[PDB]
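Given as structure tokens, the chain that follows is alone and in the form deposited without ligand DAH.
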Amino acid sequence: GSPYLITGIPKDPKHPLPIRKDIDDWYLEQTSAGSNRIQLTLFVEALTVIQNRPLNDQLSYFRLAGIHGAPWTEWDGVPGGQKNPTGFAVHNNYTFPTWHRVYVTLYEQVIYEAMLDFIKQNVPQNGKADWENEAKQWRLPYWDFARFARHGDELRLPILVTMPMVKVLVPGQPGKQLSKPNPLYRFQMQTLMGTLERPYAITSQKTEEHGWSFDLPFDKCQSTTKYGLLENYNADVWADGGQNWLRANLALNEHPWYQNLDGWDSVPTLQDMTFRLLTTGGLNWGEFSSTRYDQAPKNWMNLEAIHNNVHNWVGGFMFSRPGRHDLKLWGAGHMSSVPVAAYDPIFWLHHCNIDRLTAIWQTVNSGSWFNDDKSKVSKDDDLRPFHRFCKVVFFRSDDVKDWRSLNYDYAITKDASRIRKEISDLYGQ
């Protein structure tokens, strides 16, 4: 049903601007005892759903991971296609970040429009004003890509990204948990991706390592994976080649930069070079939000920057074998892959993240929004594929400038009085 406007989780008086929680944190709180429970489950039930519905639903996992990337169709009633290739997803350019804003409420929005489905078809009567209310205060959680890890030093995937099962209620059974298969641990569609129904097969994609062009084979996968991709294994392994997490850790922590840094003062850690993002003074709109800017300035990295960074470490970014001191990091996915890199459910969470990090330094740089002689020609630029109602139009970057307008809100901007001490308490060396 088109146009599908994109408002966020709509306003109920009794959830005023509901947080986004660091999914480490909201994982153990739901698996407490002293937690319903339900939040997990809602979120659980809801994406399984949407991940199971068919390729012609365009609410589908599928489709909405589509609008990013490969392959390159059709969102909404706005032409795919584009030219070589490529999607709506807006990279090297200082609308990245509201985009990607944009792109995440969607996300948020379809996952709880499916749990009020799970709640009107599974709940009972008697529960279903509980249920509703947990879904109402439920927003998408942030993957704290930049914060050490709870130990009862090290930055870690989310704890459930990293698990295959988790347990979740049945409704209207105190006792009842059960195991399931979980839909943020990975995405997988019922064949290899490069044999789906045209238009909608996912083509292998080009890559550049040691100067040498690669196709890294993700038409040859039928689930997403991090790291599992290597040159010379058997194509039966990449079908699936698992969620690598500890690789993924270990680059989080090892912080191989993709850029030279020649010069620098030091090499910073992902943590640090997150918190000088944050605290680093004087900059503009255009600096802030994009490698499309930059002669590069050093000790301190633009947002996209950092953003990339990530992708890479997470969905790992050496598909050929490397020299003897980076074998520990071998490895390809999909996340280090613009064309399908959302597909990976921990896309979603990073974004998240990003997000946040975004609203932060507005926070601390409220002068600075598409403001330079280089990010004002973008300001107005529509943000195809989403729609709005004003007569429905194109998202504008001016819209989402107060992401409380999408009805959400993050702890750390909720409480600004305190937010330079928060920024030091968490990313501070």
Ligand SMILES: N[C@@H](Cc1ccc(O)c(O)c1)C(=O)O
Contents of the next structure:
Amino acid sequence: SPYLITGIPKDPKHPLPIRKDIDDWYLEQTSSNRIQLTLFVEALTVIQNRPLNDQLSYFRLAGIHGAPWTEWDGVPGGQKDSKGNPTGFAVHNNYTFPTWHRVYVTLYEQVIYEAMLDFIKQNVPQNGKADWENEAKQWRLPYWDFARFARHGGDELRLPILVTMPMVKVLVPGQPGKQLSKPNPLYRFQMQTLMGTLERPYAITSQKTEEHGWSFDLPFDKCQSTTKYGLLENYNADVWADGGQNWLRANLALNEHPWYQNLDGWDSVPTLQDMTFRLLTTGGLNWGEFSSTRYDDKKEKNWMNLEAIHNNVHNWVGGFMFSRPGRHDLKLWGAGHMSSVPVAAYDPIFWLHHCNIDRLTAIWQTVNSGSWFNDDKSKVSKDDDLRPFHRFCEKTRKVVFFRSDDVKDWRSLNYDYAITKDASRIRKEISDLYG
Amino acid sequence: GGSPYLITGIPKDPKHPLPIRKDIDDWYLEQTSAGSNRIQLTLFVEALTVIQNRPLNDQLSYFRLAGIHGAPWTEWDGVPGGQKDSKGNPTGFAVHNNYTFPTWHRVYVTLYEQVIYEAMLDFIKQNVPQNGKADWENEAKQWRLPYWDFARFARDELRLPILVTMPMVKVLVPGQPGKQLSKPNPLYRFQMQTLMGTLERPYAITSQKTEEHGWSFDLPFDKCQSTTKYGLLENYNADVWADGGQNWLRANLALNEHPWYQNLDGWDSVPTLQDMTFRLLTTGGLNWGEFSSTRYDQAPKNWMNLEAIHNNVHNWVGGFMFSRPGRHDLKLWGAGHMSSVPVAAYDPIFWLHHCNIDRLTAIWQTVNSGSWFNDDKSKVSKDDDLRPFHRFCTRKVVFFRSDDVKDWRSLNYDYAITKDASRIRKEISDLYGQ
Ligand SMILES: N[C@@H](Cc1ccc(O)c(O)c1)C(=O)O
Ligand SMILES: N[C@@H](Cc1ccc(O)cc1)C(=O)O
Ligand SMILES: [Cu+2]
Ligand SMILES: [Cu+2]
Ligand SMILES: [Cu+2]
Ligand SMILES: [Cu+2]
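Moving on from the form deposited without ligand DAH, kindly provide the form deposited with ligand DAH bound as a structure.
Below, the chain from earlier opens the complete complex, with every other chain and molecule after it.
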């Protein structure tokens, strides 16, 4: 420490590699080689199995966001949210929501790439290194396009293919023709014990949430594994230890789009795809309005801001009803990690979601040049330190925290998105995907 | 070695008179409570894991025992497979749509229970400290196959068993008090080491035809490595199909929404699964033909026979919609093994479901003691051989017959509800009455 966040280093043979749609990428891989898939699976597996005292373990990286609310990279915890409760470093309900998360996703991608290089050095024979290093240097964190209809070989939105597979096949380096089935590190994350009993100070507690005006303590302390919808009130806690990846219910929620906001008076109740379309194409919006639920409290007009859409998708992926609803809403009963700020980052889909939130931000920036922390509301937050993320400042030759202006051009972090490559094409592509 | 496997039930020990098959949730809760020694849960898990890991050429492997019922339609215990139905299609030894449905399945469930008990005794011989073997053996001798009470509200909701919904389960380390080990739960699913369509001949599991909204589909069971509940959806990548998950929330939703496949036009009301089960056990005046099978049937209203309720529960547990349905039915989309006759027995819940179907039969017998293969319709099937199941008779080995298992107690098990016959109508009302 400090861990200096840069994005994957620039290699002249690999100009601005793209973050791809994780379903397109998965099909590309499994149509037509499996080297990037193998690298991602093997590297993330290593990262997930690193110990708690390693701040580049999966648990500690996920820990930056929320619970257990500890230090990271020499930056102390002890932060409080608006309710006065313990909270993480993540920015929610402020205009730095997109930029804090832009750095967070790049940290994750960078840590994964560094683990891929270690993998290659240790497992790929000389004859194969050039090719495998080429693939690592081209790889970027895929995004989950939650607003794009899934292909058939599409009419509905879905969690990623790879997220729904408990096992995945990878290559055996230096044994061309050979493959192995391994547990898929994108399917879930689990510790070796209930997360509530981890050594101090890392234990994950239950998390108090409101449902229909009443308080419930979501039993995340009783989980060994992350779950989607697997936690239900008055179920045996042995079920809670691993409540499953109930991906059919997440898919149901995505297509039923039960927005939590009051849409009384709206022109229509949009689908998730249409709400995303409106976000990207409504004219005349400023950075404050686009970026955060903070801009307009009482909205928590025929369009919804980035953070509010993102909040709904979190709920719909993780499950947002622990207590049993009325009979007419039983089809969506169940709670899980992605709906809960303190523990959502433990679910590996968190990062894929946030990769698309970053992509949506980049699209919006592209077609709203100049709208950046400069309205009357968001200007105060422009120069906030994005703790706990450190970088080396070239000008001054100092270690400093990231600030939002440092990541205004996401290309400075050495990744891009296909959709933002050609500004002559982007408006057509937005209509093709989401209109 | 020319030796038929005789099905007897667990052997009689006079200090263990007619042990009971318990409700699997009660049993699991007891086993995991501080006042229990946890030995039966350990033995069940360890024995069923061994049985599941036996090779295909072992006829007492899980795959081969599940294979008796349906696909891949091979021989078992020297009795030839490769049978064909009326329509000309492959069919297994299982009896469906006939009045021997309950008795064929009574023997099948006993076979499973017996193989498990024998594997428990092997585990004890090899893994338990000498001075604990007598205690562990006595627990094995008390153990019987638990039943899933699909019509009883969980501790108001019907639910799959607690234990069936757990991917992992903690068991004892014999001789090391307080020490437990988490292991893959053999009741959660069954899987092979490859996709089941690629197993060595003659064992490969093929796709299975199903009709949905008037169209034929291939349910892609050949592309599954694991059994699934609801995990097979049309137009999903086949890598999802390899293991489509145990989507137990959807199964529970189906149990409580009870989308009966039958036309209920003219019915006084649409009963829940608990009320339909109540009516099965309490409607008087029915004969064995009417109770036992879909074959008897135009149909009666406000009542359903045993086999028809059982069929619905199969569909609701496994998932019965592969192709995408209409908007209103999206909440129950997805297909899985338990809804398909050829492959349902591979899902470990199959046996727990049939244990309760055996229980419901025993209860009905108890309150209908004079009705047994003795109406005009069912009488002709009474003396059917229940292939492939052998027993010793005259000193010859023969096939089981329905009359050999009229008294289930001859197989050395009982149920709490039938052992206490004096209370039985009050117990049916307390459990299942509205
Ligand atoms: N559940 C939150 C949304 C949310 C959940 C988890 C998160 O990590 C997050 O950033 C936002 C809401 O209803 O508004
Ligand atoms: N699909 C059957 C139900 C069933 C399924 C599997 C079985 O093994 C038996 C019955 C029906 O609709 O009637
Ligand atoms: Cu966040
Ligand atoms: Cu988020
Ligand atoms: Cu059967
Ligand atoms: Cu059955």
